[PDB]
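Trainee: Position chains L, Y and U with the ligands relative to chain A; hints supplied.
The residues making up each chain are set out below.
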Amino acid sequence: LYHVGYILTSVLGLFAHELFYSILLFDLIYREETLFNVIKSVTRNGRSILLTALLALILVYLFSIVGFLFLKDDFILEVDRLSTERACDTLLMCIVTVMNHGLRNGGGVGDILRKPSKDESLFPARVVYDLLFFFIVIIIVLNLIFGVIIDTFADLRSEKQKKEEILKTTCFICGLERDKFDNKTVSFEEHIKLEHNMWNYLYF
Amino acid sequence: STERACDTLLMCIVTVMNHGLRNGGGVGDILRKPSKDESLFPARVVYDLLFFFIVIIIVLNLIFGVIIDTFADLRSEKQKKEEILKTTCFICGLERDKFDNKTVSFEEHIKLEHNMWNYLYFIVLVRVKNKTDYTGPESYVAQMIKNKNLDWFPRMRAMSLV
Amino acid sequence: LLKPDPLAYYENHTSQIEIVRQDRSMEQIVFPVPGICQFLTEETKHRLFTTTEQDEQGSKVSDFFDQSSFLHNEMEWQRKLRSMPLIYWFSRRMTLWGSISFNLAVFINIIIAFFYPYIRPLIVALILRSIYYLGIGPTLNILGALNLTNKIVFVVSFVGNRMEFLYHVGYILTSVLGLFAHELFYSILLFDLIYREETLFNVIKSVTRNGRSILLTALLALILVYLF
Amino acid sequence: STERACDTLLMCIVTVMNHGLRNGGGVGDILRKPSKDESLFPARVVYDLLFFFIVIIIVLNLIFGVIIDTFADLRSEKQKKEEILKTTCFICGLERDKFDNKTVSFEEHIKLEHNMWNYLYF
Ligand SMILES: Nc1ncnc2c1ncn2[C@@H]1O[C@H](COP(=O)(O)OP(=O)(O)OP(=O)(O)O)[C@@H](O)[C@H]1O
Ligand SMILES: Nc1ncnc2c1ncn2[C@@H]1O[C@H](COP(=O)(O)OP(=O)(O)OP(=O)(O)O)[C@@H](O)[C@H]1O
Ligand SMILES: Nc1ncnc2c1ncn2[C@@H]1O[C@H](COP(=O)(O)OP(=O)(O)OP(=O)(O)O)[C@@H](O)[C@H]1O
Ligand SMILES: [Ca+2]
Ligand SMILES: [Zn+2]
Ligand SMILES: [Zn+2]
Ligand SMILES: [Zn+2]
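Protein chains in written order, with UniProt numbering: chain A, 2321 to 2402, 2450 to 2571; chain L, 2450 to 2611; chain Y, 2070 to 2073, 2112 to 2225, 2261 to 2304, 2318 to 2383; chain U, 2450 to 2571.
Simulated from the structure, these hints should not be mistaken for laboratory data.
The reader is advised that the hints may include incorrect statements.
[Unchecked claim] Calculated cross-link-like contacts (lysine-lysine; reagent style DSS-like; alpha-carbon spacing at most 25 angstroms):
#1 Y:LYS2360 with L:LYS2529
#2 Y:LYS2072 with L:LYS2560
#3 L:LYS2527 with Y:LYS2152
Extracted from the complex, chain A is given alone in its bound form:
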């Protein structure tokens, strides 16, 4: 199916528009096993990553609710038209702003809100809001999305080590360890080649 899709993309590029040969570069993931292993680390626990993203979206939704109810006058966004607009006139806009401009920042949504003045009555509220966003949705959740990948890497490495040592140590048919064939007339390197040759069983 992948190869016929490749043919389809090639013919589209040849006839429809030359800007379809780009997708062909996604043969590097197929021609290579190392890159495929990295993408496997990404996409083995894919449900974990997607559910963590949904958790981040839920937290963004709650923070957007709080901002819309209380801090809706601090959601002011610079714009370049063809001077400064207001984001929070509707909870959907608050969610969009806090998900686009709040996740894509090193300090959370507090980097886009109106910069407060120390002599305001909402200053402690803004400080707590920004710090909570930064500590819950940018140091933990967006870091869980990466800790999951790291843990998946470790799991793949351990699984591959187990499989390889099983293959190179124990017999394929009888599952008999290598050490059992020490100080014996037949060595394990011979037991697997003449007696328990798994291809002789297929021939039989």
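Mentor: Below, chains L, Y and U with the ligands alone, put in the same frame as chain A:
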């Protein structure tokens, strides 16, 4: 005052590779800041979020997950090597466990009987002595050394265990 | 009675091994250790003990036996060398040359960084006095000359103490380039902290062991950037 | 209104160590933004990308991978030590599995016979 990047696909690639990867939020940080009353605003939001979530959280974090995994692999393999070196015998590959309650402890099995440097000395002796004066074992080991055989070494069996 | 002094001398030159006879029975061969067995350097022993790699089975002997001949050649070379007094004196002091060369490189780089718009404390004071009296340029020239001579001595010791040699000759090339071509070429000499340190080399190994993985991930990032 | 850093090599080092390491995109975020028609534009692109990819994705990530690896090493060592403490006897170093189906179990072989405090008392 200000220039346009995308007048050619090469310039778009250069801008999105230089100013896109080198940012905490992706190419959405250099692109003209849109206005909510535009017809492309959802497209820009999706574009920026996709760039951020694919090329700056999953593809610029695999270059680091790989490093962490390599660290773990190095530690594991070094630990295996150190355990093998400090527990099993170099020549016969016999664990330290088998030399408990025996007359000779493992601390002597490696220092007196199965001293690999003694085997090196024996090899040098066998290849420095004239062939006629070889005693039985010396001529035997010379014969095997000529045959490229390695059986004369002990293998999973010391002699102090029997 | 045979316990230990002639007896101590004989017990110091009498090695026993446990070769396995053809009939699956073990013997205990006791033999005098040849003379050249007193020249095997301790560093070589440590290297062969640590770096030797297990083969397909749990057997490290298949490589030790292979290295036996090279060890014998080194044994003979050490016997030959110990007669030569001057080269032997150099060879005994091999870490000293490396330390001096690295310290000179670091001091040259510090002097360049701090001045270039155009017993360690005692050595620092000496360099400061040289800077005060002669000034930068001549102080730099003499420091580079000392570095080059020390690295030549280090390389002759290295060969006499026989890819790493390629690195050392590259270091020589960089030193001479800095001394003559342009004084900003000493910057590359600071890439000896990797060679002089095992920990830094271990982290760099973590980086460059799965280098193909990192490069292919970078190419994937480039493909995604191309699509965007 | 704007000062120059690179009038000397020491000032360049200070600028690229203070303003380069402390940015999410390397020193390219402080350098003058170049016009596409300049002759050195490819040079600036390569310079910035190399700084970002060598000194901010690898080295400043090695400084953290080392910490992670040390965490793993500590956890493994502590698990080993705790398991040895809770399984093998302190004095004889005899596993717990050896005292199964025996007239006396490990739970008291370490409390009556091989009590190390009894050895200290002796
Ligand atoms: N039961 C087994 N356990 C482990 N390895 C096995 C087993 N059966 C076969 N093998 C391995 O699978 C491969 C099968 O080799 P095969 O019998 O086809 O011999 P061949 O084609 O002459 O090649 P070779 O030179 O590797 O022996 C060999 O690597 C053999 O060691
Ligand atoms: N088969 C072996 N298994 C384990 N360790 C070994 C083996 N052969 C040699 N060694 C170790 O390698 C080193 C070689 O010992 P060597 O004959 O050089 O002793 P030495 O120079 O007198 O020093 P020392 O006995 O104080 O370590 C020692 O550490 C010895 O324990
Ligand atoms: N050789 C050993 N192996 C394992 N655990 C040991 C060993 N020797 C002592 N211990 C443990 O150390 C502690 C020493 O117990 P101790 O003789 O002091 O009794 P205690 O202070 O009256 O306490 P308790 O009987 O309630 O455990 C106990 O936990 C004992 O299990
Ligand atoms: Ca004879
Ligand atoms: Zn079998
Ligand atoms: Zn042994
Ligand atoms: Zn006990």
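Trainee: Now look at each hint and say whether the structure bears it out.
Mentor: Comparing the hints with the structure gives:
1. Y:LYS2360 with L:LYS2529: holds (18 angstroms)
2. Y:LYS2072 with L:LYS2560: holds (17 angstroms)
3. L:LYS2527 with Y:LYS2152: Given that 25 angstroms is the threshold and the Cα spacing comes to 20 angstroms, the pair holds.
The earlier numbered hints are all upheld by this structure, with none contradicted.
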